[PDB]
Amino acid sequence: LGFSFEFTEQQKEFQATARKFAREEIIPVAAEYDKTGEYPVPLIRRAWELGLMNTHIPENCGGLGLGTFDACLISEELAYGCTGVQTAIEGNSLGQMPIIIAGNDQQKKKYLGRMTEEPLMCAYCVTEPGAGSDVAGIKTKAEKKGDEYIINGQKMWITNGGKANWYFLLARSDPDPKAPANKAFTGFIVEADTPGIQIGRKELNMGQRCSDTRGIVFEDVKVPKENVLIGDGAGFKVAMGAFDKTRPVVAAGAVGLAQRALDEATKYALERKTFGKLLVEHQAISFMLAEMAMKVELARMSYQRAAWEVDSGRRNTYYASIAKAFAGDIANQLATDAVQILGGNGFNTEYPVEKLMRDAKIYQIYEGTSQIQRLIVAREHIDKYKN
Amino acid sequence: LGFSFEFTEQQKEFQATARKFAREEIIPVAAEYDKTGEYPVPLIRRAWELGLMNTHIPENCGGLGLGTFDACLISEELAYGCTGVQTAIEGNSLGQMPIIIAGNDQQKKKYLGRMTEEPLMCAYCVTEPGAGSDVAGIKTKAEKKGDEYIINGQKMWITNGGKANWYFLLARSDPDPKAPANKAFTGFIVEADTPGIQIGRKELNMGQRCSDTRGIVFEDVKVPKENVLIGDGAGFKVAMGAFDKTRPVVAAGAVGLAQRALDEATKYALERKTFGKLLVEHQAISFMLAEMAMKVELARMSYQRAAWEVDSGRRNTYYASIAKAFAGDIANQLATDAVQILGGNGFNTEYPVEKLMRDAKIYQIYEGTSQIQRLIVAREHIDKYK
Amino acid sequence: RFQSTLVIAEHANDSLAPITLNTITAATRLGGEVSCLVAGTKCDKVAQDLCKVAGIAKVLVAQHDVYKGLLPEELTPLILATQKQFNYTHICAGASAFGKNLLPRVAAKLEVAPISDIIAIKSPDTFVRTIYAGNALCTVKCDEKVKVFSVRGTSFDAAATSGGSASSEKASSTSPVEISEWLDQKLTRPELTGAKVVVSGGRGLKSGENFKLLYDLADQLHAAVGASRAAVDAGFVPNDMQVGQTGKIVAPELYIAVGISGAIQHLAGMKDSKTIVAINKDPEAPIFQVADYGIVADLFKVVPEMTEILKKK
Amino acid sequence: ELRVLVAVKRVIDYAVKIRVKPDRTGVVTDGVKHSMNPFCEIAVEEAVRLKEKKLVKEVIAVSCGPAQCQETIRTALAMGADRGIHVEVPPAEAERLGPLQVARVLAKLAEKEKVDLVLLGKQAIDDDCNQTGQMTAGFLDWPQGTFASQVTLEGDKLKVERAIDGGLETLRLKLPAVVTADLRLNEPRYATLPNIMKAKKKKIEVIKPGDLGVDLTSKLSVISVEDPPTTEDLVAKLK
Ligand SMILES: Cc1cc2nc3c(=O)[nH]c(=O)nc-3n(C[C@H](O)[C@H](O)[C@H](O)COP(=O)(O)OP(=O)(O)OC[C@H]3O[C@@H](n4cnc5c(N)ncnc54)[C@H](O)[C@@H]3O)c2cc1C
Ligand SMILES: Cc1cc2nc3c(=O)[nH]c(=O)nc-3n(C[C@H](O)[C@H](O)[C@H](O)COP(=O)(O)OP(=O)(O)OC[C@H]3O[C@@H](n4cnc5c(N)ncnc54)[C@H](O)[C@@H]3O)c2cc1C
Ligand SMILES: Cc1cc2nc3c(=O)[nH]c(=O)nc-3n(C[C@H](O)[C@H](O)[C@H](O)COP(=O)(O)OP(=O)(O)OC[C@H]3O[C@@H](n4cnc5c(N)ncnc54)[C@H](O)[C@@H]3O)c2cc1C
Ligand SMILES: Nc1ncnc2c1ncn2[C@@H]1O[C@H](COP(=O)(O)O)[C@@H](O)[C@H]1O
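Chains as they are written, first to last, in the UniProt record's numbering: chain D, 35 to 421; chain X, 35 to 420; chain H, 18 to 205, 209 to 333; chain Y, 3 to 231, 241 to 250.
A few of these clues could be false.
Unchecked claim - With a straight-line Cα cutoff of 20 Å, these simulated SDA-like cross-link-like pairs (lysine to any residue) come out:
id, chain 1, residue 1, chain 2, residue 2
1, Y, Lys205, Y, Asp25
2, D, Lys307, H, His242
3, D, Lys54, Y, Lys35
4, Y, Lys176, H, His242
5, X, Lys236, X, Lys418
6, X, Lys217, Y, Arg5
7, H, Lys294, Y, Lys35
8, Y, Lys250, H, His242
9, D, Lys311, H, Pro193
10, H, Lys216, Y, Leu185
11, H, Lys332, Y, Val246
FYI, nobody ran anything at the bench for these hints, they're computed from the structure.
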């Protein structure tokens, strides 16, 4: 019993490795990969060699079986080097989570096991061109036909979308539109080299450019029935359960970037002089740095709180959607100010802050937008007060 | 170890007592006390009895000897009920802190001891008509003059100023204007019925109206050399040192009132209807509610953190100024927001939120304004990069 | 105390190590017959030079085959064996790899705490050194029966190579120890980033054929050759040499900026060089702030004049 | 098949930006992040690469100071070191601790644990000494291979390449020996997450200098720790 904001010595050594790899191996090439938009293979394989990926995978599948808290402290470190590469290797926990929380013993040793053996990627495919936020407007259809299902439709904006061995796939099970969302969807494990599957060209976004993102079209795609997650209609619970353990990690990503923004702006502010003084001697700039420091520290704790709640067996929807909304928001505030403090140089493409502004905007959109986070928080909040 | 965000079982006990006091005894009379502004003597005594006051005094002197993290717990619960009330109570820890951290055993047994035996009050005298934020600007003079000093000057805005048994006083003991803060100020304990001490009228502020805040002058007030805190000229180090263990708690005060604002506003949105719908069912109001929740949770953690830092041995200066800065600002945002949700009623004295707004402005001013807090954080932050 | 001092020479290919002259200077501060031990296989060549040197009362000579490659397992009892016969207060050397290797073992044999890399001397029991990659200055009141320490070379001046004349006695003997043996050697214009001595030219050189003057000198300082982005862009040099924000971040011992205005973007690639040189004719040239040393002067007169103060020294 | 003893020092992480005590007695050294002196990393690395080549039965990691030095031994354990030894000195006497006291500790230990080889880093970045290796080697009367860039066993002899001022000299050493790692020697490995966990199992005997038969009292004392401040003049002011 007792509040503690101090890590286990085990977590310290994790953080130290995560951080050695971030400063040493990611940063020195992170602009290079943002420029070419090439998928960062050597780093993903290194991170996998270091044990920094697939961290949730349980021990009985050759995993480490580690907490949400550990992922978060790790991934804050990777993000600090680059959110493009952090997102890439984060895509794995995303695709894996349903299987970890909803898969049977063969499903688990099959699709989780292989991640333990080579460095393969997986992705989570839910979003479609007509629905992202309104997950319950997914229209990718899935029909039972004997010993298997026939998946037809189109998925958009999928991380590792063209780089994945296999997919978590959520699809509309029931044609009845009166069907409750909670029971209307099935979720699958869907190998990527299945016939019918058409991965699209690389999507060119403003930010996190080296991460792989693309549309996928499913036509008449045969999915073996023993890869259904729990049953028919079950998918929606499954997909929603996942977030508890992944939203904290996305938030932890954002602070990574915010911390980077803060350090870059603080170093420059100690070098650049204007009107005969360092920028830090300009009260407005100190005020700025103070506030950035405030926003980072609270953002950090917030994701730390959400990671602890789920790690404690409790569910964390309230705290996690707090962390994502705030982290997302302050990552952006911090990116622009870092640009601003750097000034003309900050707006230029050989300084490292401009990338952060472009990388940052994503955090107010994927993994649940700033608006739908506030509906989630508002709903959990309101419920605490009603009978 | 690991991180933990669970109170200890005994802490929950404190919280339970404090919540029950605040909601069963404070809330019912908090509005009358706001209207009249008379000093809440019953509830103080009552807090004193339940053990929710002078929590910092070590068992040494018959105190309960708790940390800052415990004082924060209780203070948030009291403040949820009323920050006027809860301020008057924290007034005593403000006064105590400089003696707690820097007194000898005589000074502690003497001036902290008595607080144990009865619900006496005490006050912190630093601010002056001419300097508040700028503490090295204080002009109140102390001249050494035998086995005693002579105090001259005027302090201002003193919580419990006219309700106290004794004062932490800080005065300019070096007349050479070139001398540094570090060497120029001496800090004293000063019995209130000492001749010379003239206590002013009650001050009339926007908020926390039941709190006793007033001015006080010193005319040849004599103070024994036995009552100097560490030695001549250690006043600054001492006065400064108090803030680590008080600011976290001021921020929990701010969080309490925030929580109250949000609770009132949420109850009302669940029962008020417009355009055929509960206010809850308008996306705007929902978003407001959610944003307020966020702020509170975050503000609370910020203080919980600062407190733990200081209870853990280390300076919490960077952390405590972040918690003060943010809890204080978001308290003001929450309260005006909570008024907004209640609408016309909100602006009305027969409802509870209008009070919250008037109370909450103070939290951006006393114990170091929002701006000063930010200078501190910038300072702490920046020094970590050279 | 009756306080003699003793400098351990360092030397090779019949030549005294410069850092030894710097150590002899520091020795004289303590006040007391600087005796200096020259050990090795072909000593006297070098022992004759020390005799001409300024401040050297005795030149103790220890010639033995066994000292090939000056191993500190051999020279340690050599040094204790003198110290028994003479009882010095002080025993030191230049803080080179040789000096650094030898002296702490000597300490351990004498059972005294030794002091590394001194840069000043308040007195015979009080020395000043640097710690935390030189981010602090520590000062030490050693109180040992024997003071053992090495000396930062460029913290002191080389005493006159000629000047005083000094007696030279045969040193006391040791028995070959033969738990170590020297085998081999290999000696050495570096790659830019790994280096410890960088020269760089700005736009003020005016052409790439003009960079011959910077090589001229970066063979005297067995040194690396970089440039600004404005020297690269003007066609002078290729891209893999640009020091700065878009180029190779460096921070060696010695950085020479030649004709470099010193824009914040170039300072970002090297303000962490330990030591920074600034030759630039404009006197209000941003580069001066960050340079420990510099001159307001034409580089075509000052630089080829420096390559001629290091052909000899 | 040898037994190796690696000395690892808990130092003030180089990436910290250090700050001098107001009372100028020393630097500020509380709550400040620490780590394993980066030369020690290189030393642990070579102990393990030797092991890997099957030229070493065991590797012990050892550390002298407070109880926080255990984090440092856990890192070495994670890197391949087989088992730890902590030599507890309270933060108090830790402040007035230095290579002499350590060398004594290690000399007593190497002897005690029947080891063939003692690995240290070239120097420690806190005190910038470069003495412990040398000094340990003196107390055991073993040969020392300082500033090593390369190492080989040739039986009951070690071939040691080392970094000297002009370049690289090579040596051969009779083989109870003492070698101090130089920058050039290797690239240290990462504490692999799996192995950070596996290292939490492996053992660490925790003892006192008093036991081994070592004093500690020190006729050194720090007086202070302040802060740092024609071409005919210039080659003079480089010299
Ligand atoms: C209800 C109440 C109770 C109080 N109780 C006590 C008490 O019991 N004991 C006690 O000692 N004091 C008490 N005070 C004093 C209180 O802490 C001070 O008001 C506070 O420190 C600010 O000082 P000031 O009022 O003199 O404002 P000023 O210092 O004059 O500040 C004026 C404005 O300028 C800004 N400012 C000042 N300096 C700077 C600068 N450095 N850079 C940028 N901006 C700056 C401030 O943020 C503020 O906005 C109390 C005050 C109130 C209002
Ligand atoms: C000093 C004072 C003088 C006044 N004088 C007059 C006057 O002379 N004549 C007169 O007619 N009235 C007067 N009024 C009434 C005043 O105009 C109303 O209070 C005002 O119109 C707001 O309505 P409400 O109080 O009923 O708030 P409510 O309708 O209950 O709304 C409460 C809160 O919910 C919000 N809300 C309500 N519906 C929505 C929605 N659909 N979407 C998003 N948010 C929503 C509101 O904005 C508000 O924040 C006065 C009020 C005051 C305080
Ligand atoms: C995004 C961005 C990134 C950049 N990154 C880098 C970077 O990586 N590295 C870099 O170097 N630049 C970089 N720059 C460019 C930088 O801002 C300057 O252009 C550069 O530092 C100036 O180069 P310079 O000193 O060689 O040329 P100049 O600034 O023109 O300097 C010429 C100097 O030579 C002197 N001089 C001329 N003749 C003589 C004489 N014969 N004797 C003595 N002195 C003489 C002059 O007095 C003058 O001060 C970057 C710019 C941008 C916008
Ligand atoms: N307290 C210590 N504990 C263990 N090893 C040490 C300690 N101090 C120094 N060493 C070893 O000595 C090497 C250089 O130390 P120094 O001589 O202090 O520069 C380090 O890399 C360590 O291997």
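Evaluated hints:
With a C-alpha separation of about 40 Å, the suggested pair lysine 205/Y and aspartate 25/Y falls outside the 20 Å cut-off, and the hint is violated. Annotation: proposed proximity of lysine 307/D to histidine 242/H is violated, straight-line Cα distance about 36 Å (limit 20 Å). A C-alpha spacing of about 14 Å is found between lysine 54/D and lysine 35/Y, which places the hinted pair at or below 20 Å, so the restraint holds. With a CA separation close to 35 Å, the supplied pair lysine 176/Y and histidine 242/H exceeds the 20 Å bound.
For the given pair, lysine 236/X sits about 44 Å from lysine 418/X by alpha-carbon distance, which is inconsistent with the 20 Å threshold. The hinted pair formed by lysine 217/X and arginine 5/Y fails the criterion: a straight-line CA distance of about 60 Å is larger than 20 Å. A hinted pair counts as satisfied when its Cα atoms are at most 20 Å apart, and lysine 294/H with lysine 35/Y does not qualify at roughly 24 Å. Among the hinted pairs, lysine 250/Y with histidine 242/H is consistent with the structure: their alpha-carbon atoms are about 16 Å apart, no more than 20 Å.
Under the criterion of a C-alpha separation no larger than 20 Å, the hint pairing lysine 311/D with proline 193/H is inconsistent with the structure, at around 65 Å. Restraint check for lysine 216/H and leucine 185/Y: satisfied, since their Cα atoms lie roughly 14 Å apart, inside the 20 Å limit. In summary, the hint linking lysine 332/H to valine 246/Y is supported, as the alpha carbons are separated by about 11 Å, within the 20 Å threshold.
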